[PDB]
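Novice: The residues making up each chain are set out below.
Protein chains: 2
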Amino acid sequence: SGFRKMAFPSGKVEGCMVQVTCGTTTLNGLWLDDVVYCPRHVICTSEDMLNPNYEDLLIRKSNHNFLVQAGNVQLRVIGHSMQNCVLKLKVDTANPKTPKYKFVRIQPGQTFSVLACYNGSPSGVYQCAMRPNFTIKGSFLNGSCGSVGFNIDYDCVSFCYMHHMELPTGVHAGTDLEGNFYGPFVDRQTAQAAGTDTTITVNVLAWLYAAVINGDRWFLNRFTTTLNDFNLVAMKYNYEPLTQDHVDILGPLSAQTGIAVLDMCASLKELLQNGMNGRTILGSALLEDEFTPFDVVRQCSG
Amino acid sequence: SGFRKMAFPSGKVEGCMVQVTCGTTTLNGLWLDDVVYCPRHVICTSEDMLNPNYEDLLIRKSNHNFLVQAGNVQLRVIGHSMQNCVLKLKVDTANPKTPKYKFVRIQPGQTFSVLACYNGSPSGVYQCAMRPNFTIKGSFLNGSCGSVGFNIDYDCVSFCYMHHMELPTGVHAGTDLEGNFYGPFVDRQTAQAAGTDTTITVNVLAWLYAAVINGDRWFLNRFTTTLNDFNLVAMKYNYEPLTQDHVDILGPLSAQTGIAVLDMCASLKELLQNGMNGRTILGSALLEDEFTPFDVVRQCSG
Ligand SMILES: O=C(c1cccn2cncc12)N1CCN(c2ccccc2-c2cccc([N+](=O)[O-])c2)CC1
Ligand SMILES: O=C(c1cccn2cncc12)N1CCN(c2ccccc2-c2cccc([N+](=O)[O-])c2)CC1
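The listed protein sequences derive, respectively, from chains L and Y.
According to my numbering, the first sequence holds residues 0 to 301 in order.
According to my numbering, the second sequence holds residues 0 to 301 in order.
Treat the hints with care, as some may be off.
Identical copies go unnamed one by one, so any copy, or any two together, can satisfy a pair.
[Unchecked claim] Listed below are the simulated SDA-like cross-link pairs for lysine to any residue, each with C-alpha atoms no more than 20 Å apart in a straight line:
hint	residue 1	residue 2
1	99	34
2	235	277
3	96	13
4	136	301
5	235	223
6	136	279
7	60	262
8	136	213
9	89	47
10	99	154
11	136	297
12	60	217
13	136	283
14	136	0
15	268	63
16	96	69
17	99	262
18	136	296
19	136	278
20	136	190
21	101	262
22	87	279
The set of hints was computed from the structure by calculation and includes no laboratory data.
All chains, please: the whole structure from these sequences, using the hints.
Specialist: Here it is as structure tokens:
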């Protein structure tokens, strides 16, 4: 028992992290097979950063302008190309620690683990969700660009996120590993703002099931709601609408606990209208929305 | 910016995890050099578990009764011994992935990362604190015994925790890596209960400094308190007393923010007496006590 914010073990990704330097600019890269992937903004300086023309910037580089270090070993760059907002540096040596991998783009509402790195060296691991507005509420400092986000299934690492920047509100923005931004963001230092966010309703319900599995029952009640009457209240409180597909996804947890999804929705309705009255659920005094149904099943059965 | 529950990268510990089986009983072990460390309760069955005499149980075992698997490789056991509540199995092969390591016992109030494992295979990583009452609020299922807790400094893994059991309240109990329990607990399936816990005051103050560093200022006020008048309120709310040593430890954060420790204590006094009024700090609607001053400095400067 117990329920924690839990990340995937990071070892397979640690063996892929390298440092990439172009000039005075250093960040992290991901070394898979004989390619290193990194944010293309490594080719900017503070002079360019405001509105770079990346095509011109890259034409003016050569292979020898890129210094890649894997530990103390320098890897020689033998080719370079741009892939949307990612740079691909071909190196003369394939990474012997390359895991089985794929590049997957995730949806808003889904979670992943982040390995935060500085200077090519892994510093910490945490879990987060892709928000409805395509930002992440991460923890990243200067130097952390090129840190990646991932999930692991069996032996295979599905990379989903590469870190590019911090927005003025302190949340984070980045790309998939094909270099395409999540959200309406661009890789320049400008006036960008995260749009309005919403709470991920299916994940709040999943976490209420986790709470019941762990013995927190106080918010349960004898009522039920329709899906439509629930979604009416959802809209008022800035929650995403709950679909029948979401109801279906919560099936396993509803069966484990014996509490119908629309019965749990009546609890959530009550919590939104009334608050918690000073009580807690799974150690929290607010409704948590960054655990998916899959995340809950992972900790609350195995 | 941003502040997350962050664990250490787990790779160095992943390369040490093995499966240990004695009979029908399987759990995890830690393979360092030519020794595997695991909970001695691997030598029990459900028949013994209520009140085992471990000395008699171990005398009746031979090397061949222990099956150790490192992936698909079976490691041959060539010796066995008991070390308090840990079993040490000498194997014929030294682990080539052994990191630099030490075995350290931690204090209540300190944090560490847990690599939760099942069948010798790493499943997830999370961060937690040693509570004042010597339990941990972990996330562990059947099969997770022998999972370890650790911190990393530079290249060196300091192992501090091996998991042994779950108490009736759903919190967790275990040993240091010399086999000595944290807390007044024993490795038998009996009527054990966690004692009364307290909130770790120095860590709450550290997290309030983290909040200020990240732009949450609403709880700040123009007041100050004495240490003695603060500790008076601390006692009422079940918080540990704040020492001058704690004040000294918070020095760096107080200097970074410009807010004296006893000025921050007046904020904490106000939050304890009044609540948050519906507001949040770092994404939480309660006061968080599982980040140390060191943890805060790590994310809020590097
Ligand atoms: O690493 C951080 C960073 C700072 C603070 C908090 N963070 C949390 N996650 C990451 C950070 N950068 C460096 C890169 N930046 C850029 C973003 C878009 C386009 C170009 C650049 C750029 C390129 C060359 C030099 C410079 N430059 O000199 O500023 C900036 C963003 C800020
Ligand atoms: O793995 C879990 C576990 C279950 C549920 C939640 N958990 C969260 N962390 C770990 C768990 N065990 C197995 C070991 N147990 C024991 C604890 C003390 C002394 C002996 C035994 C013992 C030994 C041989 C067989 C059996 N047996 O058959 O029960 C039990 C505790 C329960």
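Novice: Go through the numbered hints given earlier and state which of them the structure violates, listing their numbers in rising order.
Specialist: 7, 9, 12, 15, 17, 21, 22
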